[PDB]
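As you look at this complex, bear in mind that one protein chain is not there, while each of the others sits in place.
Chain IDs A, B, C, D, E, F and G follow the sequence of writing; residue 1 opens each chain.
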Amino acid sequence: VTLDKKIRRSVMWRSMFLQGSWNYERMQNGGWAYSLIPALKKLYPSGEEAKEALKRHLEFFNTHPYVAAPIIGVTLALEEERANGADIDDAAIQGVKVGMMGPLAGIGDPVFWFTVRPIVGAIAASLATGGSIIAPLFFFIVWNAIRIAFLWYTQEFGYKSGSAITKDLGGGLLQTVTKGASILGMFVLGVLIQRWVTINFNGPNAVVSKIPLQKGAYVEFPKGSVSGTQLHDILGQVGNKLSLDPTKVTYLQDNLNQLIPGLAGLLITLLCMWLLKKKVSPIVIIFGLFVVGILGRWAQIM
Amino acid sequence: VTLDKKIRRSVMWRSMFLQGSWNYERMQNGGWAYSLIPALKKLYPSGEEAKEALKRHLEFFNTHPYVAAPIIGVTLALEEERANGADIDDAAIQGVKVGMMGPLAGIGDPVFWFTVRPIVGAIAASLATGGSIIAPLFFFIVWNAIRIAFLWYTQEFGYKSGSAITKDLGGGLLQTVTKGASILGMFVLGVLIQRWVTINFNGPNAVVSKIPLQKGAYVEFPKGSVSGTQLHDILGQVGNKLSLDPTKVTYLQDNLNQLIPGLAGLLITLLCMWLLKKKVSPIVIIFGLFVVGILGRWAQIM
Amino acid sequence: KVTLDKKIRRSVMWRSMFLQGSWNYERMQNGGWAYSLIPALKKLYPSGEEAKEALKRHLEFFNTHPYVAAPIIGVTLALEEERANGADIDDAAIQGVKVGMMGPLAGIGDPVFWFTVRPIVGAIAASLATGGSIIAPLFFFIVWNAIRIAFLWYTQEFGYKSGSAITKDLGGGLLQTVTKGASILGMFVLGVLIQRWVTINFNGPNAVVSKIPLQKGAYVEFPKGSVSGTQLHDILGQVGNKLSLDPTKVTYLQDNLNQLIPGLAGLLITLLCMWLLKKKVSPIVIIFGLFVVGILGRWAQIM
Amino acid sequence: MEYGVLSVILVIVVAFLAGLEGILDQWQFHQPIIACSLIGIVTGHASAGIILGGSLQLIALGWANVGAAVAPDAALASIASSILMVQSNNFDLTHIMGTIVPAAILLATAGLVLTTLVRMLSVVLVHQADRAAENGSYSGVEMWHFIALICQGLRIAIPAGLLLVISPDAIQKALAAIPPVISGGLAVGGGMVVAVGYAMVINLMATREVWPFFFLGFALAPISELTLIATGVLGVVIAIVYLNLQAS
Amino acid sequence: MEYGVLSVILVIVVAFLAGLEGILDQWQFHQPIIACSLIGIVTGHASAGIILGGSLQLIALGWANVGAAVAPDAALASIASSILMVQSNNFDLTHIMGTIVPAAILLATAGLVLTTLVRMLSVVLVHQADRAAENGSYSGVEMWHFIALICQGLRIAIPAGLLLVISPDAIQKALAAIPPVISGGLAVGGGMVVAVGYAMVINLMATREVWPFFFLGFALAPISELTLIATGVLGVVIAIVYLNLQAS
Amino acid sequence: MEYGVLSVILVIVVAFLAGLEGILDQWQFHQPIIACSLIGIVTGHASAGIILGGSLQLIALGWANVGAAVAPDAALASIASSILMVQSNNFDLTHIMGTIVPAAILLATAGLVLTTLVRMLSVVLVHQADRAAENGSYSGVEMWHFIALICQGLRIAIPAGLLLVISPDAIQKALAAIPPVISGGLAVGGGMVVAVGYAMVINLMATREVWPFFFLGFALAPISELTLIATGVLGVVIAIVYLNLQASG
Amino acid sequence: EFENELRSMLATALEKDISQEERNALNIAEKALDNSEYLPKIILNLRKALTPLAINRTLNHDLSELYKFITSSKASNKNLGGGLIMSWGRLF
Partner (left out) sequence: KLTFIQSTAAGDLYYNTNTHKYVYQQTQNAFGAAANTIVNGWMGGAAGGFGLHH
């Protein structure tokens, strides 16, 4: 008994299979029992009490996948103190799980699914623009080690705390974490909208001006045999500020950038936010965006 | 009576012409009477009181053209109430006009002449570097929208306010709005001072240093010919860190920008602040700055 | 009874010019402090047990900018005269008054004398020394020594006469806000200087993480007979857009580090130094280790 | 000639509109970025007018009158500089900043003195309006306000119309006779003179609590990839966050 | 042929692993940066897949399956793009961006219906698992779960072998038969469609108090020398300072 | 050397004064503009010495020792490089930048090492002075302080004579004989030893409420358009606004 | 040979007689000393929170040798790091 630390490590390692048996009547129910198997087998193997413990862990278990270490820890502590000490029936643990699964899911979702996951994927796929070879291994190191950092430390913290602080959750710290995650996520999402939402309006057409540069306003290339002080002068003017051939073509994208870079990306994000507020499904919006891109390219605007 | 809203709309559409009969001995008086004409036409035409109104509304009055809509509103309310109800003599209308003739002109002149006009013009000119057609269009659209919105909302607020709330203004929300607008204005003013106060000190003379380079620290240009791997090597040297002709001319502006960009502009702004605090007319400082620039070009140190 | 008259204070100011010289890595500027206090200490009480207790009292740690130490010496003289003849001040207020204004005064004197006045005077002296004129060393010497002596006398006298008017101010408030603002600015510009002033460029000739080969049309092609005008124009345009040099594209470790975040190696080295210092390791060992590591990395061609 | 025969009457029309817009300052037809663009778009080269207007507006900042202190009156400056541009075809962008902007400043001073004279002239018209007010005629005030309007607005249409008659040789030799030192110094002064308006604004609004925001905006300006709208957004966000934190 | 004889054999194994992951969606093997790189390491040019993986990941952002929906399922798209890249020896980095990455969108579209068809098959497997649930055999549900896993994963292994066996001219002419206005059009659309996921995540977390932070991030982002890790650090420190100041 | 043994003793005296002011750091006899000029006064060509001093002064800016962190010791540079000028009878102002200035910088590093060694040495003398202070002898403390000053002065005086008796070309041969690998490794290790100082000042200031400012400054530094003064202005403004909000709340 | 004797001195000081103004500083020092934290930070906090309490008049005689030991040769700063930033900071 006493839940030796090696058994705790085994439970932590096998808890990563919490999902997989996704259902409708009892979503994500098999994995919780699978992760609870070691403690149940150690405390009481091959008995009717084991059967009723399995039945008492078969109910609704629908929490965020990553924040499950505190749940496992409190369940293990309760089972340890009830199989040798107190006589807690299969009613209190169901109550505490129902009470602290909703808010725990609602804090885990906006700090994991939509706060750290998109930003980690973005930093992995931004340096990957130039065909970076490091990006896959970097993602492996940065994400899979996050579970070792969190799902183990929080598991130990919850096991040590028992069920003392499960009732005090939401007493002021969770709101602070929610607010900080929302601030960070809003900041990085604005950055991503600016950076990785390409509405380049250059086009063969959509040219707002075509003024011809005059003599001295562009680099003058001689008629062959480039040599000393000629290549020197040309590099001097090229490096200072001068431009190429005397045609100055500026597109709508240039003016949009001169107002605010990534303005059209922000407008598109606002428009699709408004559309998604009308319960419009993501897929039809995706198809409409693809269609508008198709007709933009057909119009030679995008 | 009751000052139907279409009359107020016409009053604003003719307050568009607040100036035009500008004078020195009796500033900006004809436009005010012309703007208020329809109200008097509706209230009391063709009477001794009508001519008395025309004569007391054609006296000295000077304020910022845009910040005059609260004045129109309070004057409209006072005249309509006096024609319908009380017997307010020719001492409160002039009193209420003079009470905020000063402060409104002092708050609306730098806010509308040298805060929003410079930023709007600077953006419109910055997006007109390539001859883009949308620059005057953007300028007109944004300036007209701001002006019409401000004027209409201010006159409506003044008419609804009357003579009481127009004096008890400044409770709770007004102070916060003032502080926030002041913070925004100081930030944008700092940006403007750094960006669009050009004190370029290049000069044919005023070359602070002319130290020479050494072999291996600048790009060597073959005078005979450059074809072959020589051009590739030259491009590599240019792109890595290497420099042009072995003479480094360091102008005064280069050292100033090494300290901080736009330092002379900040110093000149502080000096103009001191001069204005010493009660000196702005046009005198404008002429003095023109003369200073002329002298700086004379010395060839600009 | 002694009043520490003008002539002995003048001698104290003159002898305070030897504040350095007994420079120690154990107790900085102790011998100079004692040497400058020698006249007043002898005047107040010589050849006694208390004289020995005073010598041991003034031969303790003292680390300040030498120029701003005339206020310290003046306040010390003012405290010491009234300790000898008047009050019963123990051997705790002198050391406290020394330590309280040894730190901030040094921190305000280093950027003003070493990094504000000396650079300006030296630059002016060197600007007019380009012709071999004798007036440049003369100007430097005269200006610097006039300013320094005027400072060392005015501030010494002001510290002596006030005495308590600065101790009361040091004993009050308004210092916590200044200290907190100093800490905030310190961390901000500390991160900035860690990023900027620390460069651990990992280019090297070897230590390449990627030497992929390019292909026809993916780089800038160069002729061999005549670079001409038109194909030179095309080459310049290709280089301008983004096109790379010779087909063997080389990517170094520093390239990947900078695509992660600029200045990461400096931050990591700094954090390792903090950890080692927290693990009770003398900074001299870390300094020697960093020197030998740099030497090896230059020999190993990874740097 | 130019874009068309109707281009001349459109030149006079836009000059008249700039004249009305000079003192009223509602629609900014007198502003160089609007005046130059309108007068160049009609007079053939459309983008040249926009280039000149964008170059001239940057020195036309801080050119507003404050309490009988007559402004340099960009209304005449823009019209005259742009019509001189279209008279002699030279849009090198070195002619623009070499022989047009200083000419614009000199014509601005000329417009300032002209509008001062017309402003003094309007006093007698307003006096006549006051005399007609006692007659009980509501239309008299309107007529003597519009008369002042058109009299002041003609001060830009008259010179612009007269310039199209003047042969280009005379204006060319007059422009060439101006020493280059004067022109360069005028350009430097024009780049300088916005500090007066900036200083006036700072003097109106300044406090021991809002100076740090001024310095933060000043020191974050050399970042060239942050446009003016981006800096405005930064300022609005900083103000909102400051207000939310202080009110807590 | 390629790097080795065992390269083709290992390609099938890596494709099966990628197919299993694409429905697992945990080890991220199905993502382009991993799927392309793993096959490219063995199939000759190791760095060719890394370039393609990085170029395709930036378009494969926000391609998740939400609420009983069918994602484009980059598990097939990345594998097909990489295998077509290695079969046709052209790594110009314009070929990748013009005929490989745009073709990956069409391959993802095909994989969408392919994975829907293979998904509809698992209904019968789960039905018979439910039937055998009451038989009392614990191992039955495990073995049928693994059978469903294998059936769902072979949908990636089979086309990989089909493309390995098929002649290069067939796939080359199939690629050439694609109209390029269509290809560029949905390339633009793929650049666009990140906004859908961005709008979703913004809608989840959005308050009148945290909008200014969004706009500050949007305004401060055009600074090119700030990598996304620097932006994350900016956001974290701003949030910490704001929370510290508010809780005081 | 234009004059006889008089110049021989005068250069030794000037070197002794430079060695004294190296630690005294008040009269600035160790500054190149003074030391080189004085060495040029006593041996013929004053103009050459003044030119060398003016050229070396720009290098000598920022060579101030702060808080037990010794600087590159402009005293030895200014004395030895000027003496090398004196031995090699050419003052074309191209020879200066060609040979003397790099030799000046190398000898500056050598003098930094030597002054660190003598600063370690002086601790024993100060311990003896403290031991004598217990006996109540003021004269003992004064004499031991003077002995420490004398030793630091001789630290520069002795190299002056040794370099006077050594052939002019031997110094350049020895300076150019050190492998470039050693010098480059020393440079690249010096570019990292400052992280030790950064770490100690962090550990002496770190608090959980001010780390965000550290990381904001670290992440806001890669912007090249921000000079050091602009970044310091940002830091001061952040401090002021944060303190204002903290007080108002 | 340093932390243990510092702990002994603080323990002896905090019981004889202490005023409330320096009670907070001494308790903070002990709490950061039993915790494994950097010694120079503890020394700096102990030394800085006593300067007004020392210079003015009070510096309660019980904690006199404690201030003497904290202001000794070993426990001082020497400003090594700040000097390295100032002097050697831009050298390389």
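Note that in this section contacts are C-beta pairs under 8 Å (C-beta built on N, C-alpha and C of every residue); 3 or more make two chains touch, one makes a residue touch a chain.
Student: Using the touch definition from the top, which of C:21, C:107 or C:297 touches the missing chain?
Tutor: Final answer for the missing-chain contact: C:107.
Student: For a quick check of understanding: of F:195, F:205, F:220 or F:241, which residue touches the chain that isn't displayed?
Tutor: Considering all chains, including the one not shown, the answer is F:205.
Student: List every residue of subunit B that touches the chain not included in the displayed model.
Tutor: Listed in rising order, the touching residues are 208-209, 211, 213-217, 248, 250, 252, 254-255, 258-259.
Student: Provide the residue numbers of subunit G that touch the chain removed from this figure.
Tutor: Counting over the whole complex, subunit G touches the hidden chain at residues 44, 48, 77, 79, 81-82, 85-86, 89-92.
Student: Could you please point out the subunit F residues that touch the chain left off the display?
Tutor: Missing-chain contacts on subunit F: residues 58-64, 66-67, 97, 99, 101-102, 105-106, 109, 175-176, 180, 183-184, 187, 198, 201, 204-205, 227-229, 231-232, 235.
Simple rule for what comes next: only the chains that are shown with their structure count from here on.
Student: Hey, what angle do you get rotating subunit D onto subunit E on C-alpha, to the nearest 5 degrees?
Tutor: Roughly 120 degrees of rotation.
Student: Decide which interface, A-D or C-G, involves more C-beta pairs in contact, and give its chain pair.
Tutor: Of C-G and A-D, more C-beta pairs in contact link C-G.
Student: Measuring centre to centre with CA averages, how many angstrom lie between subunit C and subunit F?
Tutor: Roughly 13 Å, centre to centre.
Student: Report the inter-chain centroid distance for subunit A and subunit E in whole angstrom, where each centroid is the mean of the CA atoms.
Tutor: Between these chains, centre-to-centre, one finds 15 Å.
Student: If a residue has to touch 2 or more other chains to count, which residues of subunit D qualify?
Tutor: Touching at least two other chains: 47-48, 51, 209, 213, 215-216, 218-220, 222-223, 225, 227, 229-230, 233-234, 236, 238, 240, 242, 245, 248.
Student: Provide the list of subunit C residues touching at least two other chains, using ranges where the numbers run on.
Tutor: 25-28, 63, 106, 110, 115, 193, 197, 210, 226-228, 232, 259-262, 277-278, 283
Student: Can you list the residues on subunit D that touch subunit F in the complex?
Tutor: 209, 212-213, 215-216, 218-220, 222-224, 242, 245-246, 248
Student: Which residues of subunit A touch subunit D in their complex?
Tutor: 209, 211, 214-217, 258-261
Student: For the complex, which residues does subunit A have touching subunit E?
Tutor: For this pair, the touching residues of subunit A are 109-110, 114-115, 118-119, 121-133, 135-136, 139-140, 143, 176, 179-200, 260-262, 265-266, 268-269, 272-273, 276-277, 281-283, 285-286, 289-298, 302.
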